[PDB]
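Chain residues, written in single-letter form:
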Amino acid sequence: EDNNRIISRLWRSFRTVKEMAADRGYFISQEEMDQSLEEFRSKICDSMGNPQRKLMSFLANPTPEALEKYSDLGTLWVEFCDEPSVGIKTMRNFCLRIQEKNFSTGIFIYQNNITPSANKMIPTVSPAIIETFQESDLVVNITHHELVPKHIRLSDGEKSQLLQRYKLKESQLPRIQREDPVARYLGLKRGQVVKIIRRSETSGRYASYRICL
Amino acid sequence: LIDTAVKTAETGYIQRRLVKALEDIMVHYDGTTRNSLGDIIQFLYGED
Amino acid sequence: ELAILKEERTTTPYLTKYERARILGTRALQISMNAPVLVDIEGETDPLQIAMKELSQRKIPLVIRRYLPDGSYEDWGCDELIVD
Amino acid sequence: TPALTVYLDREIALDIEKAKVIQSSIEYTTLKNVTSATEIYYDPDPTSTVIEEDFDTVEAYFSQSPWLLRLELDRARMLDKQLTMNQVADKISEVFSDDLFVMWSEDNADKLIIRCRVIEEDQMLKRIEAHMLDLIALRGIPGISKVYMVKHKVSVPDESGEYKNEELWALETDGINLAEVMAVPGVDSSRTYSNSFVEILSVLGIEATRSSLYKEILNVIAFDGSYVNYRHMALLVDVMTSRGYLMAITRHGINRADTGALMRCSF
Amino acid sequence: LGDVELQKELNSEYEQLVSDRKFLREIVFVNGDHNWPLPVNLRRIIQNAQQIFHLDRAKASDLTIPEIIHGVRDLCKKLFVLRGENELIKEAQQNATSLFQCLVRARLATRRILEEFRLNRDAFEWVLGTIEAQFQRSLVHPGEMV
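Residue numbers (the authors' numbering), protein chains in the order written: chain A, 2 to 214; chain B, 825 to 872; chain C, 71 to 154; chain D, 1115 to 1177, 1190 to 1245, 1258 to 1405; chain E, 921 to 1066.
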């Protein structure tokens, strides 16, 4: 019924989030991304079938390979909003929980919206960095659509060498909006450089660089 | 007749706009395609 | 600084059409205004023809200075450039 | 020309009936379509009605302000969209809870009538009637006027390694809603494409926007039968989106570039 | 007949072709269209070589398979596009000539050469030199206001 489709959507979103966390460099248990739908139902859906959002938050940590490749990839916290709507109090307490738990990166997921006032104080938790993603926006993973190619972030050494190669300035490169949906998905930040390899009908494998704004 | 008469001017305008847009892009020695400022649009013209 | 040493030159060694045309015109002008000729003239009184022949023999004393996008340049000799 | 090309599931792409079901699901038929008539009868008695069209039916179903909002429906539309009237009553219930009592006739009755009773009010009844005719959505993603059961042919590799044609069903639509449709069950969410590259930028990021733009330009030019070297159109698109946002080719986008003044002035 | 040191070279090259077919067929061209613009036509060079040396009849080839595969492998690394020793330069060089190298291998396979073309040693040398020079002239020059 309506509840069933709602749970299916929630599970798909959870899968999307887990895969996202995996891609950025943070380890997860393998079966977890393999988590089936009905075990999700039992794990989260109530006796009546209603979900338990607080029962969804969890933690992840950098894989050692990514951890050594990217120096700053610190502990990631994830969490789902219980309230169908978001207010200042919710974001205040969430920021306090992030700060006390001391997570360099945190992610918030709502259902309807975020009051603009709350959005205003979002960047006010530095150096801890926070982000939000609507649930519906995460139903289907975009990086798995046909047209979208695969973005790859660079290390400081990699990007520095690249710029040394062409004898360039950081502004001189093509630019990708930090609010670009893929940029959000990869948690892009200012100054980073993501390399995109593209299916080129004249050389097959064209490697394209970009910088973020 | 009317269709031809209308179409000619519009095509001319569009061609003018395009030519003005790309007028500065050229191919340097490094093999990268940059406009005047130095922005790089293609690292290897046409990807080949 | 803006120059780059001949050991590490990276630009193509073939002579591009534009370089061909510019060198030909420059030399033919110089030739046509009392500049010395580095090869023989038999019947081709046309300074442009003299320049074409002289290039064909790789006997033209001109150095291309190519400018890199950044601003650095490198020096190729018309002698060394592989003329197709 | 807003249009979507929706790829169905491999099973459903070869399945005509499930294609029909999926299309019917996506199609955004609202209660306005199904409604046939709307008449305001003043029923002073809440316990019964003075109208023979449903007097027997409402009386048999039985066992506040008296203004009654009575509307008729067209049997053909409900049966063709496969949704029954009781579902219409239920949907009215969720949208408006209990401010209007929904008394519903039976399909065996010639006129399918849903009754609404209000809980200067004469104009308010007509205002409710108007807001009802419009702001209730029964089924389908918003923004989809119609959908087409387009058939498709595609080259498919075969067991031996050859490429063999394979007829596959598909859905084409008028109306663009990219983000919402991919989450509709029964549809391949990794391939679906829209003709409005603006929504491509909005949803599937920039690179997808580049590819969709190029495909659209190529289709436009090549429809007649012409052909252009790919590198040129590639250069055009990759300049169009070098900065990361659609640098629409006009005075605005070109001049909004931070290049030399002498350049943008001349244009 | 029955040798192995040749069988290993042949196996390596055949695996290279298998990988190339998988890559192209599954990444580049999804539908199956195998007609595309590419630089330096080959069929013409092949038949020019045929004519230049009168390569009809069933005269036996005097060309060793190892020489053929050695030249082919060497050729694929000689198609200069960017000249410089940075790693990134070399990776770009590899990326550029990907489909052109795929075409070259698709044509100059040992079976193809020995049977359909029956080239000799000098004929093969001329083919390789011709492909090299023709590609090298087929570059976009600096300064083109593309």
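Hint data in this document are derived by calculation from the structure and do not stem from the laboratory.
Check before you lean on any hint, since a few could be wrong.
Said to hold, decoys possible - Derived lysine to any residue pairs resembling SDA-like cross-links, with alpha carbons at most 20 Å apart:
hint, chain 1, residue 1, chain 2, residue 2
1, E, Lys-942, A, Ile-198
2, D, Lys-1353, A, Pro-85
3, A, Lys-196, E, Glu-1007
4, E, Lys-1010, A, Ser-161
5, A, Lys-196, A, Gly-50
Hints, verified against the model:
1. Taking the CA atoms of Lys-942 of chain E and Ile-198 of chain A, the gap is near 18 Å; set against the 20 Å cutoff, the hint holds.
2. Restraint check: the Cα-Cα separation between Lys-1353 of chain D and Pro-85 of chain A comes to about 40 Å, which exceeds 20 Å; the hinted pair is violated.
3. Taking the CA atoms of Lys-196 of chain A and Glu-1007 of chain E, the gap is near 16 Å; set against the 20 Å cutoff, the hint holds.
4. With a C-alpha separation of about 17 Å, the suggested pairing of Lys-1010 of chain E with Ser-161 of chain A holds against the 20 Å cut-off.
5. Restraint check for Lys-196 of chain A and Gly-50 of chain A: the C-alpha separation of about 43 Å exceeds 20 Å, so the hint is violated.
Hints 2 and 5, counting from the list given before, are not met by this structure.
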